[PDB]
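Residues per chain are reported as follows:
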Amino acid sequence: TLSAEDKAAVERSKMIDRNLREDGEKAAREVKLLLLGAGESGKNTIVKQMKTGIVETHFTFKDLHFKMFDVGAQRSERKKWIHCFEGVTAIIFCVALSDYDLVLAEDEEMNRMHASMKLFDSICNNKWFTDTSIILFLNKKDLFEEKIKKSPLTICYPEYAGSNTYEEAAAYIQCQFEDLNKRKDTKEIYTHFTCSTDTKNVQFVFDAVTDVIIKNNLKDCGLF
Amino acid sequence: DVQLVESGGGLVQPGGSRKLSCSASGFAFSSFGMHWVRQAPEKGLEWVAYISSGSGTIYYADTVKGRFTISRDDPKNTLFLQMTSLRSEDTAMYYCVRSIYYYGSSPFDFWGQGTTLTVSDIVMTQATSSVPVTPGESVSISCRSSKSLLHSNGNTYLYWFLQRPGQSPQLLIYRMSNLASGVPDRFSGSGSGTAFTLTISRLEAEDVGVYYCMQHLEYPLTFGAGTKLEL
Amino acid sequence: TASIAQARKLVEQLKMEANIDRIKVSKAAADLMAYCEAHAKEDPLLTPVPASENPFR
Amino acid sequence: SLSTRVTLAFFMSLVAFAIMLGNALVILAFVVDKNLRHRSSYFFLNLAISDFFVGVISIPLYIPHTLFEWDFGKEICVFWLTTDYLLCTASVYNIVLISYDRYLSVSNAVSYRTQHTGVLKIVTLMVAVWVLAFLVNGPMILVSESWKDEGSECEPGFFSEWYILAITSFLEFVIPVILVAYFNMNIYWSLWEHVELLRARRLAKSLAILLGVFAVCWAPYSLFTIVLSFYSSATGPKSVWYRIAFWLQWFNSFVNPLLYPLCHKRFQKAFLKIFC
Amino acid sequence: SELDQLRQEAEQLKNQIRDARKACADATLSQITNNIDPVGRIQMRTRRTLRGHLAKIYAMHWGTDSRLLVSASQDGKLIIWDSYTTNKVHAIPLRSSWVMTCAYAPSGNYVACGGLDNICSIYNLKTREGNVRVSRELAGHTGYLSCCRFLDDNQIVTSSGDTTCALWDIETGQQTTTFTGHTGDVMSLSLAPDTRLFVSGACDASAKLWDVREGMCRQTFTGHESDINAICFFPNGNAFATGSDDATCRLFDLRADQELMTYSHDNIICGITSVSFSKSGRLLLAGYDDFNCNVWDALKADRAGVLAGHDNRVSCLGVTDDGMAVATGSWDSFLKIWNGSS
Ligand SMILES: CC(C)CCC[C@@H](C)[C@H]1CC[C@H]2[C@@H]3CC=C4C[C@@H](O)CC[C@]4(C)[C@H]3CC[C@]12C
Ligand SMILES: CC(C)CCC[C@@H](C)[C@H]1CC[C@H]2[C@@H]3CC=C4C[C@@H](O)CC[C@]4(C)[C@H]3CC[C@]12C
Ligand SMILES: CC(C)CCC[C@@H](C)[C@H]1CC[C@H]2[C@@H]3CC=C4C[C@@H](O)CC[C@]4(C)[C@H]3CC[C@]12C
Ligand SMILES: CC(C)CCC[C@@H](C)[C@H]1CC[C@H]2[C@@H]3CC=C4C[C@@H](O)CC[C@]4(C)[C@H]3CC[C@]12C
Ligand SMILES: CC(C)CCC[C@@H](C)[C@H]1CC[C@H]2[C@@H]3CC=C4C[C@@H](O)CC[C@]4(C)[C@H]3CC[C@]12C
Ligand SMILES: CC(C)CCC[C@@H](C)[C@H]1CC[C@H]2[C@@H]3CC=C4C[C@@H](O)CC[C@]4(C)[C@H]3CC[C@]12C
Ligand SMILES: CC(C)CCC[C@@H](C)[C@H]1CC[C@H]2[C@@H]3CC=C4C[C@@H](O)CC[C@]4(C)[C@H]3CC[C@]12C
Ligand SMILES: c1ncc(CC2CCNCC2)[nH]1
Numbered sequence: 004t005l006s007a008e009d010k011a012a013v014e015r016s017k018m019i020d021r022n023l024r025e026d027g028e029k030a031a032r033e034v035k036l037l038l039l040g041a042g043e044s045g046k047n048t049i050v051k052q053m054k182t183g184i185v186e187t188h189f190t191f192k193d194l195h196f197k198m199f200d201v202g203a204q205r206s207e208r209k210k211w212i213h214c215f216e217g218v219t220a221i222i223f224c225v226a227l228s229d230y231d232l233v234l235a236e237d238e239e240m241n242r243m244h245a246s247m248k249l250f251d252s253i254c255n256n257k258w259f260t261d262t263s264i265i266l267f268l269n270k271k272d273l274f275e276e277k278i279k280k281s282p283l284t285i286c287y288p289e290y291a292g293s294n295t296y297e298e299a300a301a302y303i304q305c306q307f308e309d310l311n312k313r314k315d316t317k318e319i320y321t322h323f324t325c326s327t328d329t330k331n332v333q334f335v336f337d338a339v340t341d342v343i344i345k346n347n348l349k350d351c352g353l354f
Numbered sequence: 001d002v003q004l005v006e007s008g009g010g011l012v013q014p015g016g017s018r019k020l021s022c023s024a025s026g027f028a029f030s031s032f033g034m035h036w037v038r039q040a041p042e043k044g045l046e047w048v049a050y051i052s053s054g055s056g057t058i059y060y061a062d063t064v065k066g067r068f069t070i071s072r073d074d075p076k077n078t079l080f081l082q083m084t085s086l087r088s089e090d091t092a093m094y095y096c097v098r099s100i101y102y103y104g105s106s107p108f109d110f111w112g113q114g115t116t117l118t119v120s137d138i139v140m141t142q143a144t145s146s147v148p149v150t151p152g153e154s155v156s157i158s159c160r161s162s163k164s165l166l167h168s169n170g171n172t173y174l175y176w177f178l179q180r181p182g183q184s185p186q187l188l189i190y191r192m193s194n195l196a197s198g199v200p201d202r203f204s205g206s207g208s209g210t211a212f213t214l215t216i217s218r219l220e221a222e223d224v225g226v227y228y229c230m231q232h233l234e235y236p237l238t239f240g241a242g243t244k245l246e247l
Numbered sequence: 006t007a008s009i010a011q012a013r014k015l016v017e018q019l020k021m022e023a024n025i026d027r028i029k030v031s032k033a034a035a036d037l038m039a040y041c042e043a044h045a046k047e048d049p050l051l052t053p054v055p056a057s058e059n060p061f062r
Numbered sequence: 011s012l013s014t015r016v017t018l019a020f021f022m023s024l025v026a027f028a029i030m031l032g033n034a035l036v037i038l039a040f041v042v043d044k045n046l047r048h049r050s051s052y053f054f055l056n057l058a059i060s061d062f063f064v065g066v067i068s069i070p071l072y073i074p075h076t077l078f079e080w081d082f083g084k085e086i087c088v089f090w091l092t093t094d095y096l097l098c099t100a101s102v103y104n105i106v107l108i109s110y111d112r113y114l115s116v117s118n119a120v121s122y123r124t125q126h127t128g129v130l131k132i133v134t135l136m137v138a139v140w141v142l143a144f145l146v147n148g149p150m151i152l153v154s155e156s157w158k159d160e161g162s163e164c165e166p167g168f169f170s171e172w173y174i175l176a177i178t179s180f181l182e183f184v185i186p187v188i189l190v191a192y193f194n195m196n197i198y199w200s201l202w291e292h293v294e295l296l297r298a299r300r301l302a303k304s305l306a307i308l309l310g311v312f313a314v315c316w317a318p319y320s321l322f323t324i325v326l327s328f329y330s331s332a333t334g335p336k337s338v339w340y341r342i343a344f345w346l347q348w349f350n351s352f353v354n355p356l357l358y359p360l361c362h363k364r365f366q367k368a369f370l371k372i373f374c
Numbered sequence: 002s003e004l005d006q007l008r009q010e011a012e013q014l015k016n017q018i019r020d021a022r023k024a025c026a027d028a029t030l031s032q033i034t035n036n037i038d039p040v041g042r043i044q045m046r047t048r049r050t051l052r053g054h055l056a057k058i059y060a061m062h063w064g065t066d067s068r069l070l071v072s073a074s075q076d077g078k079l080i081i082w083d084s085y086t087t088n089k090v091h092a093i094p095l096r097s098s099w100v101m102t103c104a105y106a107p108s109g110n111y112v113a114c115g116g117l118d119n120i121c122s123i124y125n126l127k128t129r130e131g132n133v134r135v136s137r138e139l140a141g142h143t144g145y146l147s148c149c150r151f152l153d154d155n156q157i158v159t160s161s162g163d164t165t166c167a168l169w170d171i172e173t174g175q176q177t178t179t180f181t182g183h184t185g186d187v188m189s190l191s192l193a194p195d196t197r198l199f200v201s202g203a204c205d206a207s208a209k210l211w212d213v214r215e216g217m218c219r220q221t222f223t224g225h226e227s228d229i230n231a232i233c234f235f236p237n238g239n240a241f242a243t244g245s246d247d248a249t250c251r252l253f254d255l256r257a258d259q260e261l262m263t264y265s266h267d268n269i270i271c272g273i274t275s276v277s278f279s280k281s282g283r284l285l286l287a288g289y290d291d292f293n294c295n296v297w298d299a300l301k302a303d304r305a306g307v308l309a310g311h312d313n314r315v316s317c318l319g320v321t322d323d324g325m326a327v328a329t330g331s332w333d334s335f336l337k338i339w340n341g342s343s
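Protein chains in written order, with PDB author numbering: chain A, 4 to 54, 182 to 354; chain E, 1 to 120, 137 to 247; chain C, 6 to 62; chain R, 11 to 202, 291 to 374; chain B, 2 to 343.
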């Protein structure tokens, strides 16, 4: 029913279909991570440890290929393209602990730490990331300890009844972000304390991703 | 640039074996189907074999089926033709032809220079063997087919080739009306059903040569005798 | 002086848009209605063609 | 009585239709949806195929012979025994393969994700299930067929020897139960405050149902025949409770599509797409 | 002082334009087209299903021969389809997979695409090597590329999320003209049939009419309550339709310089992704977030039919130049070809 050239064109289409299938299988094995965080939050320092539009970082760690997407350079409306990342394995959110007492440069009246809270709450409770786990990096821990002695958390948190010790101050900030999670059953938040001299930040992502992968398989089978 | 170099031809004893190679450079070899076309001395073109892109489909002419084997090496961009039990009927110049197949493609667009081997079905008719021509004058060449080359999909799988003296064939018209890339607009292909005409307005010195009409409706691909233009 | 420079540009643009010739909506509506009527027969989606003339049988 | 036999035949046909229809949908979802070519999806297909023919071959042949006293031919009875034992045993070995696949998905999540399993390796696992299922009961049914006397009931000939029943039951029931219990227990340990405690309780209940239903549907008849064969009561009149244990084995094929494929997220989407 | 006085003059000019539009609003398109008979029920069947994309399809564009089409998906693949046979003619792997738009050149020799990488990449389809290669990467936008349309083989217009549109010279790789004036991300553009004008819709809920050669905004169209996602010229070039997140489609007239008709339903509460007209312009087809495509009567604002064949958002659609069929792309990774039967 087909001519000689029609049959050859169908065979070419079959070869294209085979190549599309192979590329899709390779893509599905990779781990996609959405890298978020406000400016001057140590996000750039994280990329170096992991070794004008969207920046993609590729790295391999323990036979797992990671694709990390940085979207901080984009200044357009977030809601018009945030749905493009629906389906990533996890979201990496960077928060600078040393910015609790700082004030946002543009606003000049908004606390820098409170700026990350509204960004975290929007991403965590976003409809496109209902079942997406979040990896939270609390950076500048060494600098945060220095600022705690001079400036207490009362400036950032007026309704704070805790002490000014390093352990108590850091723990309170971590609980503040995890409380923003309005869906504590569908998604989980993994919090890690990072520093410029730390070398275990890649291991934490691998451990958190491995935990996400295991729970994804259990949820797919209907066990959860 | 797109290149197709053939090698391995030469004088062989009857009943012997010979391996022809076609090395491709300057284009995506794995994307093109490949044909072997031979031309006996002082004779017309005769299609030999076809291997598709991806090596999934292989066709042979009846006169060579069982004796010739066509193969390709995609990583090396080499096309092979293994010949066995060579007869005196196999003495010809063997051409390596690339052909890609998708909607709107131009198969048989590039031919190799060819290698010479010397040994010690729809009928396409070109009744006019030779045509005396003068420069600047319009010439028409006629071709006939035993079967209608018009398929139910609207295509008429008729091709026109020009083989200038000493040169490999070049594609002029593919699927009976379309003009091949790099061909002057003065060439025009017209046909219907079984009768086809190639019109050459304002003939020039370069147009002198033999013109072949080929059908690509079904295998085996068959050529016309050829019409020669002389000054 | 960024705001004052932008204000002049915004005012100047609105002047160009306010000086165009506008036809009546009834005149514009009639032209759209006329075009649809004139090309109604050659619209396959509006009037489906017989299956013999449909490339997507 | 004739009145009670007609009602039983309708009930036998009902479950046979449910087994046929339920497993056909799993097969249909596989063919229609090309987003169902994971390792788990192929194993669900192999499980659905073995269960599908239980209601297409095993049960419809059983209805007239048991209720309407249609005499099985010597050729048919040997065929029916071998094909029924193969289908039931393949379903059990598919559960082991499915549980093993889930065990690997959580035991070594990285290696499970990044491995490329071709069709050739997957088909080898699917074929090995059917081949192993046949070897447990296939050759023994054929070899022991001559042992039966003329006019005996259409049951495998090795029912007289209790130790042969113990060996087959150990291979087809006891070993699969241990492996499924082992794999499901390790799936429970892969997790390692109210949400986490609630989630683990939900996971534990699901893995217990999968193991509980398989054990409940297969333990009675497997243990019933061994005890009767030990007391030389394998051949003769059969009690009602014995027949109930016989039908529990077939009921596993009815609930298998509901547990494994129907609870899978990817198969649920395929079902919705087909029906909508 | 000076700034306060100037911003008061803008309000006076806005009132002057609004009064001018009201003066020429003598009648309504609904009143004009009341007498004409309705189009009836529009029934379209899925003639073809194009399978092979493995991710969300974000854009598609027909070629001018009404047979070839190009679709873009975020699996990093540009695919060219033979719609008659469903054969795949080409599969172009994209350097950046975050593609949001794709365009087919009217000559058929080029396709274009671009997304969050802020680049419009031009691909040559007719090469002696037999493969599709990148011929140009148009850099210069500081936001994502939302739409692109060829004027010819050498010129293309792009709209970006940096609130600007640009006209590009493909051979030199430079944007000859920059179209500024939108205060939000420009999400779509449509070319007039003569390619002398184009309309663009942005997230400031406004549509601006631009002169390609002169390079300035001729008219601004407002009336939407949310971001405009889609825009399409009427076949005669004297009108265009828009689609917004407020679940409405509006038909604006160029010469009357105002909205003529609104296409909304009470059941429809989802955003609109794509809009297109039939060959005669009598039908307005719109893709929606509720997984459906609603066929509207352009003149009478009646929902003529529904194309329900996708399990996720209808992200794009297009009607062939001959008007024979309509293609719908979706986030479910499938393309479908629709037309009716006698
Ligand atoms: C869908 C379920 C709940 C109802 C149908 C179950 C039917 C198919 C099964 C379950 C128990 C089975 C019964 C078990 C015991 C006996 C007693 C025996 O002397 C005749 C067969 C008979 C009567 C079986 C007939 C079929 C049977 C009734
Ligand atoms: C009777 C026992 C041995 C089972 C054998 C039944 C065989 C012959 C039949 C019944 C069900 C059929 C399968 C049903 C579904 C599919 C999926 C399709 O995409 C490939 C064919 C395939 C795999 C069929 C192959 C042949 C098949 C397996
Ligand atoms: C296709 C699905 C429903 C499975 C089909 C199984 C049922 C419907 C079929 C298979 C075996 C068939 C039975 C075979 C033998 C007899 C005895 C005869 O004197 C009355 C009909 C009767 C009782 C048939 C009734 C229908 C039957 C029970
Ligand atoms: C595709 C599916 C429906 C096939 C199912 C096969 C069933 C319905 C067919 C195959 C063999 C058939 C049996 C063949 C022989 C007999 C003996 C006769 O005295 C009563 C009918 C009876 C018992 C038939 C009943 C129906 C039957 C069991
Ligand atoms: C064909 C599908 C439905 C079932 C496959 C059955 C397979 C395992 C084959 C392998 C050995 C075969 C058996 C070999 C010997 C006999 C004895 C003969 O007197 C009846 C057929 C019968 C009983 C065959 C039935 C079918 C059989 C059991
Ligand atoms: C020991 C003998 C009796 C067992 C006979 C049953 C075997 C041969 C049949 C029954 C079910 C069949 C499988 C059904 C489905 C598939 C999936 C398909 O994509 C590859 C073939 C494959 C894997 C078939 C292989 C052959 C198969 C396993
Ligand atoms: C004929 C005799 C040997 C059968 C013995 C029954 C038991 C021992 C056999 C039958 C089914 C077999 C399982 C079938 C499939 C798999 C998946 C494979 O990747 C690991 C081994 C494993 C888990 C097998 C373990 C051993 C097994 C459970
Ligand atoms: C229905 N009930 C029992 C059967 C046969 C089984 C016997 C014991 N285990 C293997 C299969 N079918």
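Be careful, since some hints might not be right.
Claimed, not checked - Partial list, computed: chain A residues near chain E (C-beta under 8 Å): (1) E8; (2) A11; (3) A12; (4) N22; (5) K279; (6) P282; (7) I285.
Keep in mind that the hints were calculated from the coordinates and are not lab data. For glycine and all other residues, C-beta sits at the position ideal for the given N, C-alpha and C.
Status of each hint after checking the structure:
1. The interface hint given for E8 (chain A) holds, since its Cβ lies 5 Å from the closest Cβ of chain E, which is under the 8 Å cut-off.
2. Hint status for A11 (chain A) relative to chain E: holds, with the closest Cβ pair at about 3 Å, below 8 Å.
3. Because the beta carbon of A12 (chain A) sits about 5 Å from the nearest beta carbon in chain E, less than 8 Å, this interface hint is met.
4. Against a cut-off of 8 Å between C-beta atoms, the interface hint on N22 (chain A) is violated, since the closest Cβ of chain E lies about 10 Å away.
5. Proximity of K279 (chain A) to chain E is violated relative to the hint, the smallest CB-CB distance being about 66 Å (cut-off 8 Å).
6. Hint status for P282 (chain A): violated, given a least beta-carbon distance of 67 Å to chain E, over 8 Å.
7. At a threshold of 8 Å, the smallest CB-CB gap from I285 (chain A) to chain E is about 65 Å, leaving the interface hint violated.
Checked against the numbered hints given earlier, the structure breaks hints 4, 5, 6, 7 and satisfies all the rest.
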